[PDB]
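Colleague: If you want the building blocks of each chain, they are given just below.
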Amino acid sequence: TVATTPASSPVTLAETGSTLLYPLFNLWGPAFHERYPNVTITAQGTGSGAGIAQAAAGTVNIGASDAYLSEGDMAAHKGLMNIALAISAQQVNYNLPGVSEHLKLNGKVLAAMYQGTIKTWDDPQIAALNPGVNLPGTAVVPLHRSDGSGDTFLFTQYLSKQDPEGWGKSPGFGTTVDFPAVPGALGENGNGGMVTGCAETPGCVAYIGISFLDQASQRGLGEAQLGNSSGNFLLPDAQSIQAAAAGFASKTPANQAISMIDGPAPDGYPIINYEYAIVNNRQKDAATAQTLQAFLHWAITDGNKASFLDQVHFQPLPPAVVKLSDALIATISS
Amino acid sequence: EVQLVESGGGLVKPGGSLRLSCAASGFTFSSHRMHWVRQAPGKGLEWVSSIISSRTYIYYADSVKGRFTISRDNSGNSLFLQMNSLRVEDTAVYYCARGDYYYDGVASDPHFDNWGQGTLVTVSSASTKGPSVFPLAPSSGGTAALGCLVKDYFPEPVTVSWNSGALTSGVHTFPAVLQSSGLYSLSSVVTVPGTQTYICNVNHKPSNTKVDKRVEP
Amino acid sequence: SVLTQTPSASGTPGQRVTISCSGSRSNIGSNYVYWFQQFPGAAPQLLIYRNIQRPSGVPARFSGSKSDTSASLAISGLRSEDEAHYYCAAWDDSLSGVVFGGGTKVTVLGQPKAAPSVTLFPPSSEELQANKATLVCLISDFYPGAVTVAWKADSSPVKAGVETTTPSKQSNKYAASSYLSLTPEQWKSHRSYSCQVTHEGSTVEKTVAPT
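Chains as they are written, first to last, in the deposited numbering: chain A, 18 to 351; chain H, 1 to 140, 145 to 197, 202 to 225; chain L, 5 to 175, 177 to 216.
Worth double-checking, as some hints may not be accurate.
Said to hold, decoys possible - Think about it this way: if two alpha-carbon atoms lie no more than 30 Å apart in a straight line, the pair counts; the simulated DSBU-like pairs of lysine-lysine are:
1. H:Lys129 - L:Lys173
2. A:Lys186 - A:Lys121
3. H:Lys218 - L:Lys117
4. L:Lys178 - H:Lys43
No lab work stands behind these hints, which were simulated from the structure alone.
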């Protein structure tokens, strides 16, 4: 059974990890603290790599990750689970000030851009997806995340599923990927480093999480329509994100470790994901366990209201996935 | 190149059991959900099962659930299908197939980019019989026809080569007849233009019958 | 066969043949569709994955599409080499298993009529030493794939001990075989035995002699 109220004892819940989830966590924390002043919530934006590692090591109570744990992670770390909190997405941003259209791009073109074989933005493979668009001769400058990143996990899972015989074979997917060192290529720290690095030089392309889409567009960056394997091209939004997630509401597993990249929904946006709390089913004492249960239950309920999630363009958990999260939260003991 | 080689097929009585193996090579074996697919002779494909590991989601077709165990040994590039309480309608060629890449442990789409040659499982009350192999000689400048009669065997299959594989051109091995007795008979014939030697290499694994027979005029 | 394909489809050379695959919301309506090609005697091979995607090495005249609970395979520029069975397949949310279509057998029209080649073999002396006798009549390279076999002792027909196969598609004409079982006494108590192979009203007769 879920704990609905936190312990009356003062309890500090510490979080670290996903910069995609970080801005929303900085709304969840104070509101829950404004309702329960004895509960302290701290948050850091360090990437899903650090979120998983520190949660596993027990340095924080909540590891924030856009990537589910591998079975090796669950085998190596007893009692560690990923609990879905909300649905996010990822856009591809680019620096092309002379083009007003939302350029259409897919995994095979993005893979070639990141592999260095598509060198200019007017390459015929790009024009083929955008007929009649004034593509310039500007060089393609592919940016990737330097730190271990859940965004890198999503993006390379997209490249692998759309290019299984190429990128899928090498360099594959993961929070850390051996991106090719093609001219111009740079690694940027955090989502904020991708926004600023993409805005720094015309021609840059960067995979950026949707909680940073407002900041990206305010810097004049373009926002791409991404293609799914059904052949359609989608902007990230309520409809296409809900349509893709609805394609994975039914088949969502009990442990919630599922990829929703490039889903079967023909109108589904191909880069969506669950936002995970990487937590352990044993906290240090009973009061922390109760308060952690209370905070997590609050976040998938009152914290999933649009007044929170619209500020980062996230989508709520469907009711079936809500009950699945409650089941994992209920096992949080001491 | 990716290669999948099934083995272990043969004859089982109704209610008996049999374990099938699949040896994989040419790729990182643990990075793919592996499937079994079966096909009754003359019929369509029927999916059987799929597995990533013992710690992830394991799927079975309703027709086999509760009677079959799929498993694998990642250290030895091996996939297994152990079958229990087999039925006549389980008779099929069992194919080992490679599935989608290992993105998660829950998805199981039929992304079957590599298949084995399949191993035949026959579930029957009838007993094993080894064939007699008889030469088919020509009795009388041009080309002649040379053959071998594989007579009265059960079950399928039977493989026939010639000169241990060196004579491949003009080789026509015929689909077997199923006689009223319930036994199979099959013939392989070669067309040839007193000095050369012709041998048919006949194998019937369920009866451990391996026969090399020359054909002389 | 939970997904529904027509059992047989045909086209003339050079045309585009379309094979439909009808499912339901639970399988095709919610999951990627996968297409396979299978030749007689061989394993299926992947033709189309994830609705429309084409593996390397598969020619671009093979195409796929999807519409709600239905999917389609299109074979453009139909060729004789395309004669095969085609299966669709998809995950099914309700069953939590893979479902297949029953397969569509694709014939390429235009095959010319071909009389059968017949080879008849007498019983081997080795089999005769075992007090057995079997005549082997091998019928090959005929089209269309319909044939009837008759056996004759001298001039009058033998009917007992006749075993004959269904015609089977070779790699693309048809083959069949018939086997006559005799006693070694019956075999040389006659001057001859004949295998008559009637194909579209025309009979090809081979004959063998114990002499």
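Colleague: Against each hint, give a clear statement of whether it holds in the structure.
Modeller: Checked hints:
1. H:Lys129 - L:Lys173: With a Cα-Cα distance of about 28 Å, the restraint between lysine 129 of chain H and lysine 173 of chain L holds, given a limit of 30 Å.
2. A:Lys186 - A:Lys121: holds (24 Å)
3. H:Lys218 - L:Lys117: violated (39 Å)
4. L:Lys178 - H:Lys43: Distance ~20 Å between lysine 178 of chain L and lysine 43 of chain H Cα, so the pair holds.
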